[PDB]
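Participant: If you want the building blocks of each chain, they are given just below.
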Amino acid sequence: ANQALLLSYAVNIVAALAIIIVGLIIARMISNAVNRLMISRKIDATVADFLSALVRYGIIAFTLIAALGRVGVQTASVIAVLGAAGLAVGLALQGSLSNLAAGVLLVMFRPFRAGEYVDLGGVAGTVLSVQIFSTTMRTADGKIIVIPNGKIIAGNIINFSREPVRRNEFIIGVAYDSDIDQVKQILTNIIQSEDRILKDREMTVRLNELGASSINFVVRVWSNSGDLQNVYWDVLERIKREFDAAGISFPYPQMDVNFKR
Amino acid sequence: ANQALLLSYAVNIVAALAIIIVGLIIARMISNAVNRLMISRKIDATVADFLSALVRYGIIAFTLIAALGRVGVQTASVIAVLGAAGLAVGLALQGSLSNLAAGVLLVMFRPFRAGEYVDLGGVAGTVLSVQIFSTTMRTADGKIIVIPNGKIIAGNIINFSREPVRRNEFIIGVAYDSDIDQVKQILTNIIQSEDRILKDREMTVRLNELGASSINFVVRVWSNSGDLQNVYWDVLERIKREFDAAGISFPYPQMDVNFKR
Amino acid sequence: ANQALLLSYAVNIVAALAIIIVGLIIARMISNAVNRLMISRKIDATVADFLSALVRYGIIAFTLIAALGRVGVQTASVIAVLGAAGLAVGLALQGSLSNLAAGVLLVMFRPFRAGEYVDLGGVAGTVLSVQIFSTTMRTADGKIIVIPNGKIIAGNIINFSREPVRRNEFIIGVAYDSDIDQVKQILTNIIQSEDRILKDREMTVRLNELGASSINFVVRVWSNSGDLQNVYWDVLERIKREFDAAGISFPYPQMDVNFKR
Amino acid sequence: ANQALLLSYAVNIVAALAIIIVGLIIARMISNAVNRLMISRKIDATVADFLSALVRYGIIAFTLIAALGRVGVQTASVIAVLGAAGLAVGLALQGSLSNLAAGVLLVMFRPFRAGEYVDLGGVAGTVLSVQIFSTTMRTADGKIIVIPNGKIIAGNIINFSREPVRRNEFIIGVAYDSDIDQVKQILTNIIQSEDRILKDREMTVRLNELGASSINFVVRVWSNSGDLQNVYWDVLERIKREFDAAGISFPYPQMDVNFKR
Amino acid sequence: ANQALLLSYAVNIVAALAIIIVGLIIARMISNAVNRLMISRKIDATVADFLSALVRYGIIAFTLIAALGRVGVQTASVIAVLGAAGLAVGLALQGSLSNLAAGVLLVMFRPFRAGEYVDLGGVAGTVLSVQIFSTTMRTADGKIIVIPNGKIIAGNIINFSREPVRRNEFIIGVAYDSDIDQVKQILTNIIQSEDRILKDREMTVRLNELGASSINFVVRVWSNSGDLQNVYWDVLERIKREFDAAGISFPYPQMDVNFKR
Amino acid sequence: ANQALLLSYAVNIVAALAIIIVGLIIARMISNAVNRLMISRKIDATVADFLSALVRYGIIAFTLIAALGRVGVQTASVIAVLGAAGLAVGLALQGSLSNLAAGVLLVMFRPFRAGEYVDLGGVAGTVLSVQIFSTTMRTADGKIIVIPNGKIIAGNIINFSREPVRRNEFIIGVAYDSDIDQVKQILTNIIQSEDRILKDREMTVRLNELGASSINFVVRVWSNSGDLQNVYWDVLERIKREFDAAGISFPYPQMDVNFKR
Amino acid sequence: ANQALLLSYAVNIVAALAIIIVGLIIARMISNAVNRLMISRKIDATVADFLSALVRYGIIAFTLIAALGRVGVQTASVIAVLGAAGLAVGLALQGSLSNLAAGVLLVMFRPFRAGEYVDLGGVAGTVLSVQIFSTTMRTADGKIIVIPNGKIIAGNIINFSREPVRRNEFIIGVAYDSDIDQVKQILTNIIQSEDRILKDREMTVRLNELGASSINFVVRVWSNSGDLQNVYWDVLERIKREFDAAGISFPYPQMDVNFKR
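Chains as they are written, first to last, in PDB author numbering: chain E, 19 to 279; chain D, 19 to 279; chain C, 19 to 279; chain B, 19 to 279; chain F, 19 to 279; chain A, 19 to 279; chain G, 19 to 279.
Each hint should be verified, as a subset may be incorrect.
[What the hints assert, rightly or not] Examples of chain A residues toward chain G, derived with CB under 8 angstroms: (1) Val91; (2) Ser95; (3) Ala106; (4) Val107; (5) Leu111; (6) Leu118; (7) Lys169; (8) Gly173; (9) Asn174; (10) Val275.
Simulated from the structure, these hints should not be mistaken for lab results.
Just so you know, even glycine gets a beta-carbon here, dropped at the ideal spot from N, CA and C.
Make the full structure from the sequences, and use the hints.
Facilitator: Right, here's the structure in full:
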């Protein structure tokens, strides 16, 4: 006969039923909307169905536990389990989301761009495109390498083509008895004769070290990045020919034997 | 004689009993439904029984603590322990869920497909299929390698067969006294004579470096990926035969001895 | 003389005492039940006693803090400390639970089975059994290796015996002056003479590379996995005998000396 | 003159004082009990005093913040700081607790037992005992190695003495001109003459590879683990003596010189 | 006919509608303001649109769940899921934010500055600029290297140009029979003759070690960082010339043969 | 004119002011007490001032937010920020606290003690003392090494001096033509003649392997740890002298040349 | 006409407006105070402006959400997002705070001090100063190395200059035919003749091992750390001179050839 008890219980049960039916209808409608939108554009059938099933399950679970709490049954354990599952999913997706964030940062900063020869953590090649999750680059041999963006952000990013001017380095080995002045002036003449070698930059021709069987001269020349290999090959061939003509001989690994008995 | 105290306590105890019995019945029914569904399709008996036991235990624990809270006993410690257990389970399953997410990403993006020769972190072979957790690929020797998808997403993904055109590289060593013009023109004629070598692409025949005992010429030719090994073998054999015929000798490791005593 | 204050305090203290005594009795009864069940089956005495003591301590702590909260003393700090302890225990057991999950996944997917020659992260051998936490495999030398399942799921899983057909690879070194046609046809005849070598599969006999002191021919033959070692040994012995008979000599590491003085 | 305000405040302050004094008395009594129990058995004085001080500080802090909350001052910041400290302590003790859990798992599963020759992550020796935190093993040289149990659970666990039968492997190098039939039959006779070599198991005597300066025969024999070293030494000595008697000479590293000038 | 029930429900529904419409209007206005501000300055179109969409979605979700809670439907599960998503996003952005923090610390402390030759974890070059996320440095060869600031803070930071004075080290190998006093005094005279070598600092010329085929003298000289390479090259060339003039011969790798047969 | 509204607001504001002033006074008094206690014993001035400032700031922040909450302003955001800061501090101090815990475990278990020759992760030396955070040990060369206790608990702990008896191992190389019986009996006589070599333990003198240029005999002798180096040196010198006297010659690296041309 | 509803709503809205305006004024005043204090001392302009903007944004956000909660709109989602952001910031700053804590520990314990030659994880040099985040040390070559304090606390800390006495080690190689007594007594006389070598410490001159081509004597001498290099060089030079005078010859890498054909 109480005016508050039975009335309150009836209100609670009616409100819980209304909440659960409204939530189920909204879940069905939102699943319909999301699947319509995903089919209307590019999507994968199986993955899309899996995602739609997961989101519908999540929404209906939310509605069910909300209705249970409105009824009066504590749902703290279910909330804690859902939080643990969410933390597990977040830890699982940490790698993919980190790759996505690294890709966004790479797009915004533009450390490298398409058609630029780079070196991303030990692999060198021309960059084709930079997608959201991973980039695509072609090695000089023609192999395609796909690198996750996280592994690019972590570690060095060497860019060969950013600077128009790069330097070559020659290691020329001649015999000990060879005339140092003669070899130095021959190398200097060879360097001067070339035109693709920049002249305003330093052109060092010095004795680098005293090796085990030969003395190594270091020759450093700067040139535009577009002619580096060609100038290196031409200078090396000219050095070989000029040393052959001038009598300077490249020494083979030399050892001396103290004969006994 | 109070109208609220005894009535409220009776309502609380009756509601708690109703909640616990309803929860137990629902747990039994849902266990029956889930085991029927899992038996009706592919499943493993022992693992399925373990999972059903765990889910039934979780549901009955939820119902019991909800009934205890309705009675009036605080369950915050039990909730915290359940949350800690959930976090432990999530940390344990982090690896498996990360592998699953990586597999989903690989399926969606399709960096590689079945029947495509790839190199996933140091191991090369033809891809057979890409499952949810791990892929299957066959090495050239015929060994089957199963790689977790997380270890594929992390690190480089080299695709040999994506580009139809790849480049070969030859390292040919000849003696110092050999005629550079003669060897270069012989190699050029050998390269020209072949038809499987693409002609629009660069075909470099230059002196690469001055080695310890020999001078190494670098020969680079581009060809379709389907004939790379065959063209390499044919060019190498032709180089051997032509150098033998023309008198150019491949030098053995050469050293000179300064005899004493 | 108040009808609510003293009555409420008496109800609170009586309810707290009832709750704590009921919890203690239930803890004793559940400890009795769990120890009876664990003794009735396989269990370790000391570990079982430790686990029973820990679970009884946890239950009595839950009951005590619930009674304290019913009395009216805040237990939030105790709850937080229990949560921190649970998180510590979960972090500690992360490794063991990850191993268990990996074992469950391995059992369900069956990447490898008993009596199958595999290679799990650098160690090769025949699989004996796959338990919940770790597998057991016997090396070819007869050593027993026990590997945690987490270390198996992480990293590659090479299966030698999955494919019935595998390929052998020979590296045969002959002298430079040897007749290439003669050695190639001799190797071809040796390969043809064998019956265990599959004929529908490719049988390549080509010149692989020009080594420092010898030219290495690559011979590749496919055969059933059950005869791989035997066919390799037989082919190698036949190659040795035929090269000895035909006059082709395997060259020792060859160097030439430019004598001086 | 209000009947509820002053009465409620007096009740609150009296209850807070009673709670704090009861908590302090209980903390003193429990510290007395725990130190009596720890002194009555094996314990370290300084570490025990440190632990008792920490637990007493924790209990008195709990009581103080409970009394403050009963008074009416919010303690949420103190609770959060205590939770952060607990998480820090848990992260610190993660290593020790993981070692303890690994030790418990090792005791329960018994991958290895006392007096069994094992190899735990690169170090080999006889196991003496397995404690809760770390095991003790003696190397063949006599050095004692103590390994944490976590580092044992992580990584492989090789057990030499689990299988009664193990296999030896011989690498015998003879000259190229040596008679293959003669050396094979000599090795076969040597193997047959021994009794400690199991005869039901495979006994392979084949040509393994063509080395740089010698041909290596592979001899594999199975025997009980208790005679492995002895049978290896005896077979090796017999091989040496028989090859010396039969004229087969073990070749030194052989090279040939092409003399010039 | 109740004066509180219907009135309270009407107030709740009207307040919820007002809250949701106000939140939607505020979200639209703040999106307009933020996009106006971002367009007015430097920004990327696609990334800016993505960020604006995400922030608008977050704000509207906040408003919707606030309205739902005002209505009376529990939103604890939605709150937990949002917290899990936030934790996942934080774990994903941990790398980028750590790089930003490292960059801020590097800017504040200034371990290195523009135009200063450094060595950041194995790569050496001149620093160009230090941005928020990553620095830019040019190698001596002319290659541009972009290093994340986190990888710079972690690990050593070697600064070559901080100290104006650096030391060179020479390893000179002479024959065993050479006169130690003569070579030491020759090296001392060579060191004294130079002017770019600092004289107040130590100038050690001692016998370092007895090598396999030569005795190595260690010569250490200090000089300004601006002349280090030049002084090294000049001293080395002078050492070569003076040893050639004085008769001391640099020994080749020397071995002695005990001829037999 | 309301008897509850204005009275309640006045009570709230007065209580908040009393709480904040009491908290400030208590913070000042506790800072005075803690600085008096820290000055009265060993402490560092700057670090102590920093810690006192931090603890006073924390206490005053707690009091301020408690007063704000008593006033009625929600402090949930401040609580969350304080929790995040506490978690950051805990993650930062994880390393130091782990080192402290490892040190406590090392002190309690005593794997090694002062004056005992050990090998903690690749570095060997005599232990001087074990502090709370790091141990101190002196290398045989006299260098002092300080190792964090965490790096000691992680990884192996080799104890040389725990076992009084250790084993030496000799690798003696003799020529192929040497008499095996003669060399074995000579080594046996040398071993027997020594007194510091334990006789009850095994003393193996066997042919270990057939090397490239020599046959290596393995000689194993057990002795007390206090005479290991001395017995090794004495046995080696005696072996040299006896082999010189008996005509057995230690062979140099031997190769044979097949002279051509 | 209700006396509680409209009055309560007016009180709520007025209190919310007062709270938000007070919070904004306090935020402006505290920003003014903090920027005045930071400008009055050493600070960086851009970083200081960034920090002031962040702290002002945080304070105004706190005030806004507090006002919203006072109004009655739930802010749980905003609180959760703020907590997630705080956790992300803490994870980002974990490295910097760990470095700071390690620096504090290093300052307090003083494992090394200024002007003391140390070796911190592979790099050796003299310590200049130890700052809060990173130390500064100068290598013997003169290069400045800045090491984060976390990388110093982790791993070994070798201190060369802590012990005044250190030991040198000589490896002297003589020919097999050399007289062992003669070389030992010569080395003993050389050691005795020096005065900087401590005599109370052990001075071992023994035969260490039988090398491939020479017998290596080990000479160990202890001396003060201030004369280690000088005594080493002097002893080595004296050894060379005395062996040259006494006829003992240091052997070159010796091999013997078995001539054939």
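Participant: Given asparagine 174 (chain A) as an interface hint, is the shortest Cβ-Cβ distance to chain G below 8 angstroms?
Facilitator: At about 15 angstroms, which exceeds the 8 angstroms cut-off, the nearest Cβ of chain G leaves the hint on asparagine 174 (chain A) violated.
Participant: Quick check on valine 275 (chain A) please, does its C-beta sit within 8 angstroms of some C-beta on chain G?
Facilitator: Because about 5 angstroms separates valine 275 (chain A) from the closest Cβ in chain G, which is inside the 8 angstroms limit, the hint holds.
Participant: Can the hint on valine 107 (chain A) be confirmed by a CB-to-CB distance to chain G that is less than 8 angstroms?
Facilitator: Given a least distance of 7 angstroms, the restraint on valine 107 (chain A) holds.
Participant: Hey, does the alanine 106 (chain A) contact hint survive, CB to chain G under 8 angstroms?
Facilitator: holds, 3 angstroms
Participant: Please check whether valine 91 (chain A) passes as an interface residue: C-beta within 8 angstroms of a C-beta belonging to chain G.
Facilitator: It holds, given that the least Cβ distance between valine 91 (chain A) and chain G is near 5 angstroms, below 8 angstroms.
Participant: Once the shortest beta carbon distance from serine 95 (chain A) to chain G is found, is it less than 8 angstroms?
Facilitator: holds, 5 angstroms
Participant: Would the hint on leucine 111 (chain A) be counted as holding, given a Cβ-Cβ threshold of 8 angstroms to chain G?
Facilitator: This hint holds: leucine 111 (chain A) lies near chain G, its Cβ roughly 6 angstroms from the closest one there, short of 8 angstroms.
Participant: Holds or violated: is the Cβ of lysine 169 (chain A) closer than 8 angstroms to a Cβ in chain G?
Facilitator: Because about 7 angstroms separates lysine 169 (chain A) from the closest Cβ in chain G, which is inside the 8 angstroms limit, the hint holds.
Participant: Should the interface hint for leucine 118 (chain A) be scored as holding, given a Cβ-Cβ cut-off of 8 angstroms against chain G?
Facilitator: With a minimum Cβ separation of about 10 angstroms from chain G (threshold 8 angstroms), the hint on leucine 118 (chain A) is violated.
Participant: Does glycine 173 (chain A) meet its interface restraint, that is, does its C-beta lie within less than 8 angstroms of any C-beta in chain G?
Facilitator: violated, 12 angstroms
Hint violations for this structure: numbers 6, 8 and 9, all remaining hints satisfied.
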